[PDB]
Amino acid sequence: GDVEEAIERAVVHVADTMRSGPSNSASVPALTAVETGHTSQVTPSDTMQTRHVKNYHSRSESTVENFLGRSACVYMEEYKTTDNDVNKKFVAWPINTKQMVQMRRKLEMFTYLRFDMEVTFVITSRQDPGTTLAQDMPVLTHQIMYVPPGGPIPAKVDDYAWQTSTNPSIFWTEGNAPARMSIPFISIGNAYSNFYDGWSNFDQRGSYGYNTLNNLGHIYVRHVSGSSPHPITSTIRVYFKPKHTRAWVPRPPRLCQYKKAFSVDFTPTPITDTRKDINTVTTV
Amino acid sequence: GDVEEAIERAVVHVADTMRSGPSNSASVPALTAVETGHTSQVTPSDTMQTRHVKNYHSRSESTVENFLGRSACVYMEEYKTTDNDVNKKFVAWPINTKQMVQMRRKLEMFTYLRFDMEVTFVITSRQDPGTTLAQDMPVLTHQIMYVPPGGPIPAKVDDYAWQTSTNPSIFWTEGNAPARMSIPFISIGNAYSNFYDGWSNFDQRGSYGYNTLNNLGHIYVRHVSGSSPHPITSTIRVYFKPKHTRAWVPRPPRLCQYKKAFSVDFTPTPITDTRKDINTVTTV
Amino acid sequence: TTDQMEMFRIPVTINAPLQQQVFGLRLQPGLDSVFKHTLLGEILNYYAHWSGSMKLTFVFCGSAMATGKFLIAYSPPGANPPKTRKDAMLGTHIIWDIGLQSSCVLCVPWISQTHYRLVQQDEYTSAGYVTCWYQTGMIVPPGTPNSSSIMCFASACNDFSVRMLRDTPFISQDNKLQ
Amino acid sequence: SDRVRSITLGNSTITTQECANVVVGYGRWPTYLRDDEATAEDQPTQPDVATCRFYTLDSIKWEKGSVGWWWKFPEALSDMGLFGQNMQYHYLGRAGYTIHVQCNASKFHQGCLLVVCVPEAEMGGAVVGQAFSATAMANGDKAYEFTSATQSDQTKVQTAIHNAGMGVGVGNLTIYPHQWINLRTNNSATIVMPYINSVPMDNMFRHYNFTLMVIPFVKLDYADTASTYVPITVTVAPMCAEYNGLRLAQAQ
Amino acid sequence: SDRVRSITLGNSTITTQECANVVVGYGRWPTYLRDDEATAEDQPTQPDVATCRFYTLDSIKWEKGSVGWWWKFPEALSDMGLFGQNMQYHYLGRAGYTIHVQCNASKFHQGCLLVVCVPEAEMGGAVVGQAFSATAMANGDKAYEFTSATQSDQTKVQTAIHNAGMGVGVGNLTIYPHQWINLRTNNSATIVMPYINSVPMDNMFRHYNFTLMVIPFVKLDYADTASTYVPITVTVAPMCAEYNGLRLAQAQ
Amino acid sequence: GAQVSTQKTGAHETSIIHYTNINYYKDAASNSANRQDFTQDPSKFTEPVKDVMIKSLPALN
Amino acid sequence: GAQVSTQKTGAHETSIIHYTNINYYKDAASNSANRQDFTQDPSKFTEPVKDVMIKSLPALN
Ligand SMILES: Cc1cc(CCCCCCCOc2ccc(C3=NCCO3)cc2)on1
Ligand SMILES: Cc1cc(CCCCCCCOc2ccc(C3=NCCO3)cc2)on1
Ligand SMILES: Cc1cc(CCCCCCCOc2ccc(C3=NCCO3)cc2)on1
Ligand SMILES: Cc1cc(CCCCCCCOc2ccc(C3=NCCO3)cc2)on1
Ligand SMILES: *C(=O)CCCCCCCCCCCCC
Ligand SMILES: *C(=O)CCCCCCCCCCCCC
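Chains as they are written, first to last, in my numbering: chain A, 121 to 404; chain B, 121 to 404; chain C, 863 to 1040; chain D, 15 to 266; chain E, 15 to 266; chain F, 691 to 751; chain G, 691 to 751.
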């Protein structure tokens, strides 16, 4: 009514070590058949004498919610306040999570993912170097607009599309706390796919790979009415923080360095690094 | 449920003075044997006639929580907005509490300490002097990233490591309240050690001293996209305030001035200052 | 190494000198090249602290007709690693006999002065060595290959946990992709 | 099956996929000295896991012409970790043992060993009347060997195998705790020896309580296999070790 | 009287006819590691009487011009019987100690010693910035000595007595467990140190848990007596010693 | 309707350690993270075998 | 679940002097300091002697 008792007063720990003494039996825990595709459930008490240890360690920091739940930079680009080239004055980004290596490797440890998304923007501006820099420009305001697939796309900073009568936009002024908002799980499927071993056409032709399922739309950003006498360059950095996460069918982590944003493509890389012989255990 | 009664309506005071009259007995409180390693529990009433005094004085301000619980500057460094030298543009600090003398002396009054830590950052910027200073630079934003031991370290302001997909970072804009956050007790041991009379190698070789137990990681800080036409120098000051503190085995305070950040090393200093003779009690 | 797949094959042969060493490795699951890229090592590399026991399962892949006994041991840290089977047998070990059950599990216990060790392991946080020796020898009847391979699997036990989330040293970039 | 066996003492475990049973002393499991059987009055040390664990001695080669070997206890273990250390610092000691003799071959090899533990295996000299030194019968974990021919070297013990160095019939050694390793069925032998002596405790250097003998009754034989020798390894674990009369360590 | 005192650990007993009290750690009596405070999972050895007994180090001479001495633990006991042996074979160890410092003179002698146990007595080098080796602070039961003059030898620790090698005031060492031997009243000092560390167990070679310092605050003096020096002897007994992580012995 | 639950333990021994939360938005997507769910099952991965296998007994036959 | 406790006395004579607190974070490390715990024991340091010594009676014999 007023207060509610969702208290988790009983939290999970790591397994205790049971005291274990000598044995002489036909029962043999240490011998198994790896061939079954089974990982052994052996513990020290099975193969040696152990003392009792009340273990209070907890796996709290390794839940998928926690592992994925930190904001990571997924994109960055610059847009000028004034320039002769129309395209240098605004950013148009096709939303995806494959261009920044760190976030990509983490998400890619799972095949399917389902989560809500917290998006934070970090926008900074700097005056371009030049011969004459004296000016007195008022504070800048930026507009970030999300255009769902199929909506009208802006062709220049001053076009009608920026009216956002229906698309969601954020107007933010410099000097303030970074802009932020939440987006729910928006896939047309039941989970987001990090990989897709298939084609776009029924023919088994067309696009191949996860890129065929990426149609989340674009993010467009411009200065509001910020034309300055001497150019100023703003850089926008977008951060993603998944929350209320669920993950399915885990995969080996990416070993080879990434080469392309929209394909699994790689260059063969060795299993691991080498040492002189199979018995080398020293450093020098 | 709604309200809770953690009220400390009964707080501790300093001992009262009991009235005490004349005596003539075989019982002798003032004579003892310092040799036992015992400090006498004598009070004025044991050796003279006292009146009764209801003492309301309290030792509240001298609890270890209170003594250690004030923010203290533990480090400061400068980083430029623009410079030819890559390293002059960002700070890389190996976290420790031995470089600033005041905090060091306080912590070092105890051998072991266990506490949570409140960290506050004070960042200020100034335009470097020069022949031509006219410019109009927008507000600056800084990034402070914590790199736990073993994580990728940034080699320049613009490198991939600054993505922080997993390391914790703070993005802060000038003109605002100083950045701050709490860190829990993160030692791999049961308490932090201020001293360590030992070696790193089992051999009794390698590093000697507390420095062998210091592996808390680094703090890296840079301007976000702050390249300015004329250089600006930012200075970061980091403050530590221990909270929820516990301290064990107290030691004599440091008498000799400190000489090194990572060693106990000192130059012999006399016990105290002198006076002309053992009876001198005047000032002039 | 000529062929990459050879890295997974531990060589074992007939008429090996008595008490010969089969292999030796140092226990730094997150740092040593032998473990750093395994499932366990990859997970460890997103953290800075670790604690718990480990399972090293060995599977004999020779013919059903070959026989052999091996001594597999774990030596808690000390100034010097074991150089001889006599040295090794003083520590935690198991004597593996080959038969119908092809695999054997050496469970290396958590023996440490601290509750947690660093993933970026150092001397203070040293964990020791795991070594393998011929207990008897690999004997073979007529008409079977002269040498065979042994494989090693690794995983964490139920008392294992990691702490302090951090970025991994194993992935990087100089440019945005595209 | 029962052929499967697992034994854990201290920080060591032994496993066998093809065994017979486990022979236990004279049906007597090792046990600590009781108050009603003691003479030495000082509180004893019982190091437990530090001493009661498996120690593997140096291996040996069983070849077609091998004749037999012996090891005397506790001497054979005098250099083994804390067991040896405790032997050195104490005047008196007492212990039982789990003896595990290992020997694997193949389904195409043949051979058969007797694995026996002879209590008080007092031996005769190579030349009657001539005294020999301790070195003629024991020295750390060094395996001593019997011979087919009768021994001539007076510095040695009478090693002729058929009399087992004791003047008795070698085929009658079966009255002592034993097991057979017949290559056709076994791959190891396990004998648990309890403490057997005429006094409650004894000095561990001066008295060899029992001798382990491994004797090929049926010679090692095989056909065109690339394997030549078949190794034999002895692993033993002290049990219920306790010591009395602490003082300075005995130099050797 | 209470001056009379008798202490028995293992096969050794200490007696004193003129003592003060017995100082006990920070009011904490030595005790074995509990299950809820342990990390290392293997079953430990607790040798008991074999290790928990009194060991007497080499004696030293207190002369009119002596300035002070120190011994680092457990290093000082690394060669003492089975205590030293157990230190060598194990990666981890844990123990408390009963320290008994002996010093008898006569009713006509005068002098006063501070007997302190300093936990984590990390020391500074003779020349700041210059590293020294383990040998500059400990080596078996060898007593190390402080000096009046400030140390110049860079291979040494800064031995100037008034700063106790730690950069603090020597007269403030009293916050650590201590007792005074004032020749006029005492003849010995007994301090029981519990295990104090930031981790449950630790390696015994690599870490000196505490340092015993014996410092003459009032110089030894006497008249026309034929006795010249007054010996000082240190006898110490480990208490509740337990070890984990058995493996091969550390060479040194 | 405020929810009150326990905090993750700090440097000090544990009652004063509970925090309170109130949701301010109409969409659950707006809510903070589920930092405190510790349900866990490693057997889909460590033992996906049809017939259950007890450690003491041998694996084959 | 708000906690209500007493304040440290001010210039004026003492009921109106209690303050209220509510924790907003999921980690106890985030909580404010324990400025008000006054438990205290000087005897580990002032008298670590095995046998207790009453002031009135002599120290030796
Ligand atoms: C980021 C990222 C990862 C990928 C794979 C895409 C996974 C997205 C899962 C479903 C998201 O919602 C959809 C929106 C549009 C489409 C679509 N498929 C054909 C082209 O557009 C499908 C799903 O590529 N970039
Ligand atoms: C494909 C795919 C799926 C994923 C995760 C990507 C999905 C991320 C959610 C999409 C978020 O897109 C935004 C929506 C709106 C706004 C925005 N609204 C107000 C102004 O900006 C910004 C981002 O991994 N692979
Ligand atoms: C600050 C400061 C004080 C010190 C002493 C260090 C005390 C820290 C206590 C434990 C902190 O957590 C650890 C992290 C890493 C290591 C480590 N030891 C070997 C190298 O890294 C040990 C403890 O030196 N600098
Ligand atoms: C060693 C030692 C231990 C001590 C106290 C030092 C420990 C201090 C705690 C370590 C704090 O380190 C930080 C962690 C993270 C951040 C940070 N996170 C968000 C961005 O900055 C900053 C400091 O005394 N000696
Ligand atoms: C839940 O609302 C039941 C109890 C009401 C508590 C009062 C709320 C305190 C003020 C915050 C209101 C939130 C409005 C966005
Ligand atoms: C504790 O919560 C029980 C009583 C609820 C009091 C209402 C809280 C007042 C508004 C603060 C909410 C805190 C959300 C961060």
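Rather than coming from a laboratory, the hints here were simulated on the basis of the structure. Check before you lean on any hint, since a few could be wrong.
To be verified - The calculated DMTMM-like cross-link candidates involving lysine to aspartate or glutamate, where the alpha carbons are at most 20 Å apart (straight line), are:
no.	chain 1	residue 1	chain 2	residue 2
1	F	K734	A	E155
2	A	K380	B	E197
3	G	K698	B	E185
4	C	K945	D	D72
5	D	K156	C	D949
6	C	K1038	A	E197
7	A	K363	F	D717
8	G	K716	A	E181
9	A	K379	C	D1036
10	A	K276	A	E197
11	A	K363	F	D727
12	C	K945	A	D397
Said to hold, decoys possible - Short derived list, chain E residues pointing at chain B, Cβ under 8 Å:
no.	residue
13	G138
14	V182
15	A237
What the hints assert, rightly or not - Derived DEER-like restraints, expressed as beta-carbon distance ranges:
no.	chain 1	residue 1	chain 2	residue 2	range
16	A	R395	B	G326	43 to 49 Å
17	G	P748	B	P370	40 to 46 Å
18	A	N144	D	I189	39 to 45 Å
19	B	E125	E	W43	47 to 53 Å
20	E	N25	A	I391	55 to 61 Å
Cβ atoms here follow ideal geometry from the backbone N, Cα and C, with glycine treated the same way.
Consistency of the hints with the structure:
1. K734/F with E155/A: holds (17 Å)
2. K380/A with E197/B: violated (39 Å)
3. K698/G with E185/B: Between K698/G and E185/B the Cα gap is close to 15 Å, so the pair holds against 20 Å.
4. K945/C with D72/D: At roughly 14 Å apart (the allowed maximum being 20 Å), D72/D and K945/C satisfy the hint.
5. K156/D with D949/C: Distance ~17 Å between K156/D and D949/C Cα, so the pair holds.
6. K1038/C with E197/A: holds (10 Å)
7. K363/A with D717/F: Within the cut-off at roughly 13 Å; holds.
8. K716/G with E181/A: At roughly 13 Å apart (the allowed maximum being 20 Å), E181/A and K716/G satisfy the hint.
9. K379/A with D1036/C: holds (11 Å)
10. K276/A with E197/A: holds (16 Å)
11. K363/A with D727/F: holds (13 Å)
12. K945/C with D397/A: OK: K945/C and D397/A at ~14 Å, within 20 Å.
13. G138: holds (4 Å)
14. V182: holds (4 Å)
15. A237: violated (23 Å)
16. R395/A with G326/B: 43 to 49 Å: violated (22 Å)
17. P748/G with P370/B: 40 to 46 Å: This hint is violated: roughly 30 Å between Cβ atoms.
18. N144/A with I189/D: 39 to 45 Å: violated (24 Å)
19. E125/B with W43/E: 47 to 53 Å: With a Cβ separation near 38 Å, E125/B and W43/E fall outside 47 to 53 Å, so the hint is violated.
20. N25/E with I391/A: 55 to 61 Å: holds (59 Å)
Hints 2, 15, 16, 17, 18 and 19 from the earlier list are contradicted by this structure; the remaining hints agree with it.
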